[PDB]
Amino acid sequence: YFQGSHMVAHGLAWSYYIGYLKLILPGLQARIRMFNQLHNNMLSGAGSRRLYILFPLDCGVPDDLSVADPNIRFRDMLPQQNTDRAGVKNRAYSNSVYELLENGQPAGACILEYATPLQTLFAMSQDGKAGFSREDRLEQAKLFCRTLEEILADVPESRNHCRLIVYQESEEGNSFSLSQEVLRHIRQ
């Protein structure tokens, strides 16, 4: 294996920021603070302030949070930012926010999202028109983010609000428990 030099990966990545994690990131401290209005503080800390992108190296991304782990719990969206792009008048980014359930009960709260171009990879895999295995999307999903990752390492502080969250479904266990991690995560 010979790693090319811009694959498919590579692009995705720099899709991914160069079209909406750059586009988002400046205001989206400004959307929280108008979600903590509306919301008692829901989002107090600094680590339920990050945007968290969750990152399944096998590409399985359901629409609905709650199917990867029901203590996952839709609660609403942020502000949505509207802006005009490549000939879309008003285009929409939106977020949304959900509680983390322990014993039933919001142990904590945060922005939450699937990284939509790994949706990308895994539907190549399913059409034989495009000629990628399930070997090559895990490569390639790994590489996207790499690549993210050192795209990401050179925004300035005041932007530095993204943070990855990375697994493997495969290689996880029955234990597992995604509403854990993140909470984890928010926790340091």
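Positions refer to the first chain, counted from 1. Rigid core here is just the name for the largest C-alpha set that superposes within 1.5 Å across the two forms. Compared with the form deposited in another entry:
- Of the residues listed here (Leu38, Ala46, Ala30, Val67), only one shifts its CA by 2 angstroms or more between these two forms after fitting on the rigid core, and it is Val67.
- Remark: with the core as the superposition reference, the CA shift of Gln81 between these two forms reaches 2 Å or more.
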Given for the second form:
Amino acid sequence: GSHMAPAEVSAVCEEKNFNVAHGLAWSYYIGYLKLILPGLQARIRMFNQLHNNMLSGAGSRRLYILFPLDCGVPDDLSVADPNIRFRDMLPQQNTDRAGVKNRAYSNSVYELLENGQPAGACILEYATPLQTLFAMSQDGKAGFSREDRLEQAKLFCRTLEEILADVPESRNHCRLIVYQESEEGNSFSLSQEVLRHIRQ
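I have the form deposited in one PDB entry already, so could you send the form deposited in another entry?
No partners, no molecules, just the chain.
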């Protein structure tokens, strides 16, 4: 029994709503991922030269991005799991390519353990814009709920997946690792989650 308000169809407006995810995704792609992707393989070759070819398989030559739907990203950005071991940062290039020419982005290579045994290696990181969503949910003058936060997180992920899907196979090297720890949780293992992605 709730009527809509009257509306003049020629007036210019936008629906009010909290759908920031699209901006986050585009910013993240245009302003980070797109910038680093063209030099990733070169950087990997440099890394391999110094690391006994630790990243040799195709599965090891990808950029794995952690996407905790609860938006819990540690402040120090550490990936900290007993079975994930930091090995070294990915070295910078001497490049004239846009953005990277003036910026050395920090990326790290980790070794994954299973059953005490080395099971893999990869370049791993958190999707930093998830911090924004979390901060928004806190900063309550923002009026963004925990419920909104999850919704946006899922949307950011889906939107980013769509964008990435259109990347040519030649640079199709980002992989999203999406999980919601609060769900399906008990025995949850990050290392196991990453390994499944590497393995596939």
